[PDB]
Structures are given as C-alpha cells and as structure tokens.
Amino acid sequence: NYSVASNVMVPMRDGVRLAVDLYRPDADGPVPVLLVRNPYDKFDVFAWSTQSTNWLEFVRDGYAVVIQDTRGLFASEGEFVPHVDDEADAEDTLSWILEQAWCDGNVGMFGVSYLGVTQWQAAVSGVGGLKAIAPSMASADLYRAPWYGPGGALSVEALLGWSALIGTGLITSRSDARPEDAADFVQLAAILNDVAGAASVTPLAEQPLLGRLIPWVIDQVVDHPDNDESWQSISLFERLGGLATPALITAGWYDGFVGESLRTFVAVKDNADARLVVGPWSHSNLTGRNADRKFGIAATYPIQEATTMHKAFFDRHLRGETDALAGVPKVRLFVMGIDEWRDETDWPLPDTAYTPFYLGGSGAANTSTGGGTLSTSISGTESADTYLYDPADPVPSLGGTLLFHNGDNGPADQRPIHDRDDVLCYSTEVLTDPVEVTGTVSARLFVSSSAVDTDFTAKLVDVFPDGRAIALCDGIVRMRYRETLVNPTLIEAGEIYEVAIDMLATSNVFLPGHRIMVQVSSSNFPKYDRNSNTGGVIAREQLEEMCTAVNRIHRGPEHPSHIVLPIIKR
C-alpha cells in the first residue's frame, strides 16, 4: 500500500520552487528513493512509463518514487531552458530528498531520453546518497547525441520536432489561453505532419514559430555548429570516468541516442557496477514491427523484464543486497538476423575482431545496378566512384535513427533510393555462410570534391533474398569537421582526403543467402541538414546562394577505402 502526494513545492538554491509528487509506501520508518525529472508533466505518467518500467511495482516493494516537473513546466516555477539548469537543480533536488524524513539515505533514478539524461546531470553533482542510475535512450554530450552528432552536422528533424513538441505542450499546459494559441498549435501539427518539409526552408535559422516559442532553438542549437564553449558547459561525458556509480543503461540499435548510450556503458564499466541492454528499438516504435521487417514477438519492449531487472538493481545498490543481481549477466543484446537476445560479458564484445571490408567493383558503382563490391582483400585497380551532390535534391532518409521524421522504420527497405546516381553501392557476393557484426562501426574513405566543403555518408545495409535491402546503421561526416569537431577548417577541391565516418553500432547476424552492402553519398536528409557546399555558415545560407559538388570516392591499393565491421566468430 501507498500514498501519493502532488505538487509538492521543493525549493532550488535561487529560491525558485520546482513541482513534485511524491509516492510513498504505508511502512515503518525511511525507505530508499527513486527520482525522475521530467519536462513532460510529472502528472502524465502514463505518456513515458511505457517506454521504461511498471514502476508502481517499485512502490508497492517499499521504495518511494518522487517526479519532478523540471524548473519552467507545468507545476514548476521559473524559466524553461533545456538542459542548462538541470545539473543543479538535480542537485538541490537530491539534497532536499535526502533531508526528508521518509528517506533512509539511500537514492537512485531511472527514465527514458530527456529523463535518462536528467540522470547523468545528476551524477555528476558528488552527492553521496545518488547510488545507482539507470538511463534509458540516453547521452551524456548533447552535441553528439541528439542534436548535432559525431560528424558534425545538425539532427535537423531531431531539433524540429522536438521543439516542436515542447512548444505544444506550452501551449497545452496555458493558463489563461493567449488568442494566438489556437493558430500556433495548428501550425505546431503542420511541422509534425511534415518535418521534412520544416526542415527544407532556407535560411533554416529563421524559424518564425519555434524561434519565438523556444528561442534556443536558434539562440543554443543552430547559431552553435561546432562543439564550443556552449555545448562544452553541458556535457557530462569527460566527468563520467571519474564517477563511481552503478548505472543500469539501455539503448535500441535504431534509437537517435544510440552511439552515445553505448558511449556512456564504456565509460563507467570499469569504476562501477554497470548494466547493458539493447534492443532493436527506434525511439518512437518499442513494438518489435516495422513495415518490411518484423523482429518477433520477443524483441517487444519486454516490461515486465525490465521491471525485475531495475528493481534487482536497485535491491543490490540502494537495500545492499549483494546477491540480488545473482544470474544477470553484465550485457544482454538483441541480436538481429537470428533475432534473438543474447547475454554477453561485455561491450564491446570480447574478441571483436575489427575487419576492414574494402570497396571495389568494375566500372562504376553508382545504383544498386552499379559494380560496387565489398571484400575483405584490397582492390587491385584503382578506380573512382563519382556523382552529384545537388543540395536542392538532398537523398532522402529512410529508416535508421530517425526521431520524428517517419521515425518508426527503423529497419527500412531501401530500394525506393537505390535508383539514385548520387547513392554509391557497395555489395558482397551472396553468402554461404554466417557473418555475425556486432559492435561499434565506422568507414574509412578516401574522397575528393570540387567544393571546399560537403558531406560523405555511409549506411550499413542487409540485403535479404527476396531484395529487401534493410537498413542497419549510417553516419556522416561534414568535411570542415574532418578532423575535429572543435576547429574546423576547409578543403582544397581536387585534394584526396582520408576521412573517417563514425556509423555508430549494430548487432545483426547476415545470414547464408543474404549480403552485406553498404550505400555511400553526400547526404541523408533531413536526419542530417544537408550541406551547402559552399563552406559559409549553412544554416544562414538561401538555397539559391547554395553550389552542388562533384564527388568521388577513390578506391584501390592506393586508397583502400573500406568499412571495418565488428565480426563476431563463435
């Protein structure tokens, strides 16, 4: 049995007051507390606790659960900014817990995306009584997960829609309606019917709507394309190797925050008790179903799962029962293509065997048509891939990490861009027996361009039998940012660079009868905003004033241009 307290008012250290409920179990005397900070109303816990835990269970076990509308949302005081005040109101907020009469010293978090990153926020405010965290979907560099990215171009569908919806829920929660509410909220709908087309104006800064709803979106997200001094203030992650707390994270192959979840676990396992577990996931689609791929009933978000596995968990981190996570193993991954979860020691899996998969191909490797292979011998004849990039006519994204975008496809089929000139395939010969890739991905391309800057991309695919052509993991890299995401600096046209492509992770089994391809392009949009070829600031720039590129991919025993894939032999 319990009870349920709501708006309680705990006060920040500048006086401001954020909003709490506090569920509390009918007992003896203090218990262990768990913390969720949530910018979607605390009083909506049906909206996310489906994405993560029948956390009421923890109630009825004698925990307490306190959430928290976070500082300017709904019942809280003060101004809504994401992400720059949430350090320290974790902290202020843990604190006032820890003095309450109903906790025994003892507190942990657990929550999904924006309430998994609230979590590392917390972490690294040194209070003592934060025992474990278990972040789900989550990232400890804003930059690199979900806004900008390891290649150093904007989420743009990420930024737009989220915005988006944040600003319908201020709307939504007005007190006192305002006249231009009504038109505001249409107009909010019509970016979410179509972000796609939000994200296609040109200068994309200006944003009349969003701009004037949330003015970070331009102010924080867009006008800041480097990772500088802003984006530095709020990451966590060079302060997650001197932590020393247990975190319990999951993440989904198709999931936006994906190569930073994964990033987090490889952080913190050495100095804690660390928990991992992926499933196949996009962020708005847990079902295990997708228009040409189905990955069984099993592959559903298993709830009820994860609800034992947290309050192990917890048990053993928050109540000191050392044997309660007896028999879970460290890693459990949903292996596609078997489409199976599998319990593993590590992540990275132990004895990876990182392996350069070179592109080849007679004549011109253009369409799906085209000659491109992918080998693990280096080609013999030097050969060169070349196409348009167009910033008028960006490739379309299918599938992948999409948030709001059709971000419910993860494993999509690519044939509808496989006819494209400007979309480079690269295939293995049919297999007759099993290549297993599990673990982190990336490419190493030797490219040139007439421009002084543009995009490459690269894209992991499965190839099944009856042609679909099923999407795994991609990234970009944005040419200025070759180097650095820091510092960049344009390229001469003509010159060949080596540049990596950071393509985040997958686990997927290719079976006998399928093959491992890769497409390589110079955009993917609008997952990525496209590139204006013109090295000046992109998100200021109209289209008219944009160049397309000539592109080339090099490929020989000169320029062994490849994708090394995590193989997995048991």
Contents of the next structure:
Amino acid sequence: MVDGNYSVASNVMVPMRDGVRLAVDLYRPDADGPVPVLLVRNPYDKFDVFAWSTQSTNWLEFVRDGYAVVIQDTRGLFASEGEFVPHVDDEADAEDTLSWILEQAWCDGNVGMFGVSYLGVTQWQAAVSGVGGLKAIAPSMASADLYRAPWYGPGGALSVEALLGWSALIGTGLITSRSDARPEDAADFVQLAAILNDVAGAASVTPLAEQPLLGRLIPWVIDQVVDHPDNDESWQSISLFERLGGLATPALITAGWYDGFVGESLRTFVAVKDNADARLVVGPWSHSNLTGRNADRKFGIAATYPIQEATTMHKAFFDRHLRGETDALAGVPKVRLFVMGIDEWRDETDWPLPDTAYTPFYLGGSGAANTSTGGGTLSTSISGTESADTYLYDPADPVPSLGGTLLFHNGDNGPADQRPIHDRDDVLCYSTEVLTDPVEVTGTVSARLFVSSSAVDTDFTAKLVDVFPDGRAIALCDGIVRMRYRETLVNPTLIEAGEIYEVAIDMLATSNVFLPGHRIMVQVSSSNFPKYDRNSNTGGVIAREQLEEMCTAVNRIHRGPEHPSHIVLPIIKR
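Structure of the form deposited in another entry (previous: the form deposited in one PDB entry):
Shown next is a single chain and nothing more.
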C-alpha cells in the first residue's frame, strides 16, 4: 500500500503440543507479498516495551524498512495459559512457536531472533531444536550453562545475593498482575520490599534452607537450587553447552567487563567461530549501569552505550543472512574492544589475540605480608628464601564485597576503591615497584597456589588491582575455590588437616594498560560476602547448619624455591 507505514494486532493465541495456548502481539508492514520475520521471548509483560529496549536497539527502524516482528509472554505469566517454572519448558515451547510462524501466508520462509539477559538465554534454547527456517541469532549479556552462570560458578560456591534478589522481583510481579486480590497479598508486599532495601541482611539468616516467605510463593527456590550443591543429574539436563559444537548457525555476541555473565559469554564465541560467521563486541559496563560514570572513576562520553551504531550493525547482519545480499558486511570488523587505562576503542582479528605471551609473576618478600603496610612483593624472578604467611578466619566476621561483578546488592559501582578494607589482618597484600615503562594485559586470567588448613574443608580467594599516584586502589577481576571441589565439580572428597596441596583459581578476564607511575597489586584471603556464601569449616551440609555450630580455622600460604606460588598474566607487546 504505502512504504514506511504499518499496523498492530493484540492478543493472538498460539497452540502447544499438550493443548496449552500462549499469547502474542504482531507488528506488520504495508506490502504486496510475504516478508521476512523476527521473534522475541519475554517474562516481564509483552505490553511494557519501554522497560528493556533502552538496553538493546531502536527496533522500530526494522519495521519501517520492511521486516515483521513478534513478541510473546512465556508459559504461566500475564496473558498466557498454564503454570510457571524457570527454564524447564522453554526448549519445546520455542520449537512449536517457530513451526506456527512458517505456516502463515505473510511469512516468506526466513526467520531470526534478538534480545538481552533472560531474553538472551532463550535464544540458545531455540538453536538446538533443529528447525530449518531459523537462519541467524543475536544474544546479549547471556550464558549457555546455568550452573556456571548465574546461580553457582566454576569454583563451586553458591551466588547468594543473585538468587534472593531475582526471586523477590518475580514475586512482586505476581501480586501486581491480579484483578481479584487474595487476603494475604497486602502483608506479603511489605515483607518483599524489606528484602530489596537490604539484601545483605536477608542473606545472614541461618539456617539458609529455611525460607518461610519465598519458599511458599515459589517452591523452586529450595526444591531445585539450594538442595542441589553438586553439578549432578538435575543440572546437566538443562545445559546446552555440549551440543554447540555440532551446529552451524551465525551469531552476533555482546558483553561487559563488570557484568555477571562475562565468563560464559566469551566461552560461546570460541565454541562456534570455526563452523560459521560469528562477531564480538565488549564494553566496560555492569548489569544495571550502562552510563560510563562511577563514584571514583570516569571513562568519558565515548564509553556510554552507543544505541544508534548498534542499530546500524544489526540491520546489516540480517540483510546478509535473511535477504542474501553478499556485500552487506563490507568494512565491518571481526572483534571490537574498549581498552581501559588509555580509555579508547580498538579493532582486532580474533579472540584470544594471536600474539599472546602467558607470563608468571612470583610471590615473595622479607617479613610478614599482612595488611597494606607489610612487606609482600611481586617479580618475574623466582624467590630465594623459603617462608610462609599465616591468618585466622572467623565465619561470624567475613570480608565484605566491594564492586566487581555484583548484580542486586550495590551493583552500580564496578571499579570501586579498596582502601576501606586494606587494614584488616586477614587480607594479605603483594605488589611490584613503581613503573617507568607501560605494561598491557588483555585476555583470560588465573592463579596457582600452595596451601594448608587446620580443618577438613575451607575456601581461598584472589583479586587483581591498579594503584594510582594519588592513592586510589581500583579493582579489575576476581575468583574463588572451595576445597572439596578442587579436582571435580561432580564427585567431591574431603581433605587431610596439616598437609600441603597445589590448587588452581579461575579469575575470568580483563583489558587494561598500567601507565608510568602506577603499581600492579594482588589480594589473597578466605571470604567475599554476600557475592558468595560463607564456608562453615566443618565438612557437613553447609546450608542446613546453625551459626553457633560452625567454627574458626588457621590457614597458611607457602612460598619459595620448592613451592613457587604465582599469578599468570596475558602480556601484549608490539
């Protein structure tokens, strides 16, 4: 009829294999024949478009240029039929929805997907179904292994602030969506708001498996997550990662240096790049702050999330794979990253970078290394003297979390200043001398330590930091290991008191230039709360224990010629 015009239809119903119906809205352009189509799957109400779109694209431009778009409510929420349970229904429900679209008289045979966070995980669940008409995807800030992110981790400890925050949010949604109110609704709303104003206080109640409010409204919180600490049968059935090597579907991938999903986002790129056309973009953002401005650190206006440039890139990508235009991606790079320290964008040909040198930095020093005014050092040469550092860990007084990859508890300040915790006795410090030449670090990061303990189970932690001329000490990346899971996440065994073990710690990834006049620094301890839950030091079932039945431990770090403890850094020199 007329180029650039369109129309909208509400509440169209779509049948699943068991008889349940799900509701959708349709945005269709004026046209003289069938067109290409794009799909989104959402658990936060399909009507409320303004709440998520500012974190994605200006997608009405796609419709004005001739694409149709479909938005859906997931099973058991808002306008859809059925009952709601996280993750377990999403693979089959996507298969049945894609089949329905291909049956309509307005579809030309070509389909794709886009979206962020939970709207990103649903895209990988669709890709393994085996439907021929799906041509390309674009998942932002997401994961394909739900144990590794966001509920547990590669070290085998529970992410307690993430679980309690998300659950209270879904609960508040169910109360507000009802027409006819229940008698208990008014009091429940008051208690839910008290959790969100103080997440750390709510995580402090023992035993942890006792949740009168949250357990009543959503049984899944206890029946699946808290009751299953090993990476066993229940978790492996909802994992997609092992099947990714057999596919051949193109994917446009996005991430952030201070985002909770960052480790697992990068792993998906490495797994698909050999078999199809993949692309990557990485900025300095956290999950709830995309501005580029923080309390003690500013990156500049070029670091603010660039919504118009992202809209242009997505459209070129679909024109190639859905419309078959062979020259649509001309002059577009393979990898694009924001390099901190110098604070500017830069283009590359692969990830990991092709000219990388993995280099050990050794722990040493005369005298004890306790606090920031002790005597710990870092060097590229092996230490000459044999020594050991010692401290006491008490579960009733843990080290508090400050910045990093937090989601709901104070999650708007990623590059935080560390000075408020520097003078604790259970925090060991090691650093280099003041630098005269610049040093670049870009890639994956980890550590190898020699340790011992007075109990049959405990935890160990490590963290990388940048020290400014004016005194500021800014955080970069971190990780943890729980001792019973030192060799395997599937079949755990306890340790022997007083014996020495060699262990590895996964610290995710970063990109930063350390300038002349700065120092490189490392922090080592046994806790980080409420980012991770606290170890009891007994060897029993942690989530079922009272505070008064836990105990303290004496822990040690060994260093020298026969025990060479170190951190491994990815150096770039051009």
